[PDB]
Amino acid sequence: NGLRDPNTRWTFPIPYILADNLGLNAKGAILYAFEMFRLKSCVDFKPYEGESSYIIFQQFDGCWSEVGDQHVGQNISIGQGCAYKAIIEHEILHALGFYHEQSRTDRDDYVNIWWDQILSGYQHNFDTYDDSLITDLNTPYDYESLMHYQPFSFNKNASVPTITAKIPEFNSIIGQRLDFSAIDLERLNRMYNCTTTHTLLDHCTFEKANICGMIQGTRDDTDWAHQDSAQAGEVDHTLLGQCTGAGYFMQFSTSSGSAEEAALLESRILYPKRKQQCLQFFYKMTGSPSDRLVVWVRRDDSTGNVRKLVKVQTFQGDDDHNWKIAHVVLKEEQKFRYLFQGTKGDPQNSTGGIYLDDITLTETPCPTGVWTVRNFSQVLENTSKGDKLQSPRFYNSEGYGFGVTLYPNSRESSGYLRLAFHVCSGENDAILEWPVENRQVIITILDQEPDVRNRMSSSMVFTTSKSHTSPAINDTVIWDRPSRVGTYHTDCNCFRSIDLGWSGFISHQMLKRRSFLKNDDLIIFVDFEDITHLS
């Protein structure tokens, strides 16, 4: 589906204008989509500064783009309801040079188009092009492609589909609005010569005996064991016992020796391109409650030698023995190495140890709040329609309190989750401005893969607004101070606002695909941050 003529190719970074007929929500959503491109490809974007061809993003009727670089500068429309990651990425892929997936020359081998069902004026989105105009980039037809239409697209009748897969199973798969497919990234890389990406700095799964180039220190007392996943119940996080003799984690036993013994596992040297990074990993602590996992940085002391230590975070064992996710913010502006110190406490009271797998390091912020729901595949069966779960309270950088509500069986839409955001009372409320006004919420359901290029995390975006009001609170703003417009909960001593979000956030069948439920538990990320400065 890529335009063949090389004079249609951009030279990076692509200069952009965000126009003031966009709302703040749309500007923030576009900048969030540019971060996803920089994180999964070598595509890059810059503010305009006066250049020959450029993309101007505007609000007109519907979502659309011209295809490929137009040398006089071009327009990308993001209308009402278009301001979602997957939709912005679809229009930017048009500007980069891609037509819809159903427009491939071979498409009649894979899908049926029902022409008399298409609403007038939209039919060109179902055209197919000759191989003189379009390349396949030597890739097969991808039903999972972000560039493929859903069955009920531009249909005259709500019951009859416009496009259907010839093999009938894929009717449930085509038209996904998660993220780029693997084949979409391969096509993008083949078109633009991307061998790397601007923002994935390191990742590790411990699956090769090289342990991702990690080294073990000798100023410590002991070593981490590279561990085989063969022993009963000792499964690795990357594969959870799926493949025999082939899943690997790092282990530090705490059941023997002296208290306060330690082991250092230390990364290879890294060269950061930005001022901030996020280190994500999975761990367990089945040992003593006094065992510790500590994360450290070792960095250039400005002589060019990596020696200076900084302690960044500490983790400890609660009563939960299943795998946990962790995020650590790093602020490294010179070359460095990230380090794990495992430490024993009370070895005569430990029958276990510390475990590590699935490290990822990105030159991004960390998620502001993270919620894990355990046994979700069982929660989904044991919960009536309109029953709910609620997250613990999180806090912004700005100090606002917030949380999320999950209704596992949406009474508003059967066969979907309903996931929604609320503002919580917190210790800061007296000094914060109310209503919260132009703060953008991003909710993400993590696709649990260690390489970010394999992740199709579902995500939704909205901006808190003075127009968000409810009859339940005498038609006042939902985002006013939670002590006057929320309801008290004994679960955290919080007042929680009325919630706003999506019935139909994700379907139960989509949630059982990919790695959304990897260990039969569900990981939701949330961010809540000011975007007023984009005005």
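Superpose the two forms; the largest set of C-alphas matching within 1.5 Å is the rigid core. Positions refer to the first chain, counted from 1. What changes on going to the form deposited in another entry:
Aligning the rigid core between these two forms and inspecting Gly81, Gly245, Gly304, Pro168, the C-alpha positions shift by 2 Å or more at one residue, which is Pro168.
Fitting the two forms on the rigid core leaves the C-alpha of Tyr271 displaced by under 2 angstroms between these two forms. After superposing the rigid core, the C-alpha of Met456 moves by less than 2 Å between these two forms.
After superposition on the rigid core, the Cα of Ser120 moves by 2 Å or more between these two forms.
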The other form holds:
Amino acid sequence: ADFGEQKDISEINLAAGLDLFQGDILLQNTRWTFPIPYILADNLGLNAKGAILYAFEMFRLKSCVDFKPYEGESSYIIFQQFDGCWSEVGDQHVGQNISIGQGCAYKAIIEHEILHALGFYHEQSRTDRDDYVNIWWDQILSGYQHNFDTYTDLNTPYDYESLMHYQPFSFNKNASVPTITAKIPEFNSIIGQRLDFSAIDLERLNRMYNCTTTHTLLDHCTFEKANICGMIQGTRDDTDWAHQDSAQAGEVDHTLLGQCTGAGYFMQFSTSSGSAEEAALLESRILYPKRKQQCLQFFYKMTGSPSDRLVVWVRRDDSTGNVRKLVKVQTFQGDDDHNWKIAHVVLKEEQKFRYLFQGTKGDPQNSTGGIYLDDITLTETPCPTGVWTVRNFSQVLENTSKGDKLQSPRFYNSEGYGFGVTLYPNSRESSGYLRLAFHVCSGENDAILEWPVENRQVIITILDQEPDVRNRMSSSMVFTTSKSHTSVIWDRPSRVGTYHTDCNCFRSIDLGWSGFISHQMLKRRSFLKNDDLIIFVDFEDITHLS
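Next up, can you give the form deposited in another entry of this protein, since the form deposited in one PDB entry came first?
Lone chain follows.
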């Protein structure tokens, strides 16, 4: 089924019958002291609470903005489920209300409302607007012309990619003719995006609040500089990892994939010579975690022996102040797929540490290759519960007919529920878009688990593949499993699901979004880097927010 098709704030508030300033602004110093105190109100639905907390994580992962639960502070933000989506711009000193209505529970919409509370206003309302966009007054609904009036000093250009900008179809009298068009033609496909903060959105936010760091980013490494991101090579090992440069025919670095000469560097450990169980260590610089859980993401390839082994280790403080204690975290091993692969590893370091990669030779004679590393990042966040790579996605998008589908591997959540994803690359329901939809899977735990599965938030994300989290605009969508999903869709998959021979399992009816992303949006940015599509999934209980 379709859950709910995505809608912009202008259409939501128009359907709710509001007449707010610039659509979502209530008018009745202006800069906040971090952390901003918040109250999640009783009337605010369970999905909305979880989505607001997920939006606060995005702020702590891209900015120095921070939020705390209320304790009797003077100024605060109270989040409620009144009519429409709206916010009061800037600190009001006595507290302010942010409204997240029905159909308003989306990362990009909540980020937009929080940016109003931080004191930002829409981009088409800047005095310089007329130089960058056309406003088609003859296409606006009568009485709504004031929503296009012009109304600071952060010294930045006009941002067509801004999370604050209105869509081409804002307040239209006709559904086919836009009220806004860009004076640079390419941007008619871009204006009014609902993915993430733009780069300029973050630069303005940083200039406004004196930010130069991020609460939940520890490290990243593309290996493009000569000092290799402060990583070092030990001597309690047999050999060394080489810093190769994409020059050799048929070898290309993940960061650039051969788009530039001389640039594009990866770490390599060769396995085609010497003796078995020879190894090499690559070790990070010392890191000081602020939270008790971290996620290490990286890209790798293994063209060598099936007996070769990439292993991730941590070295941590021995409790005297010396980072010398080892823990083995994770092991990776090869198969017939010689393309680049993505890996995620959970770390739980409460004290200072260094993350380590060990490459190991297996049978050197049955090896004609090596272990390859690029594009690391380390964030003070959970890892994605499931990850699905779809290969040759451009070829899939040309070959699949409307209503054909792909299905993921079966994943498992921390509670033990099985889940997966259904992808229709060519939608029948929205022509020119993907449909991504969630399904629950039968698994070995089904007998002890509660049914139907309810109060469990699903987050689906299409990864932007850019190595620095600040620069990423990953498309994201959220729902909470509910009793109201009937055709309850979330009952035990043996009773309400269809058996499939690929997973050897039952899979539920799919629920999610037609029009998750357009084909045009996937063909830009870094969503289809290497012609690989990467989808992330979480399936997490939010009943503790009740």
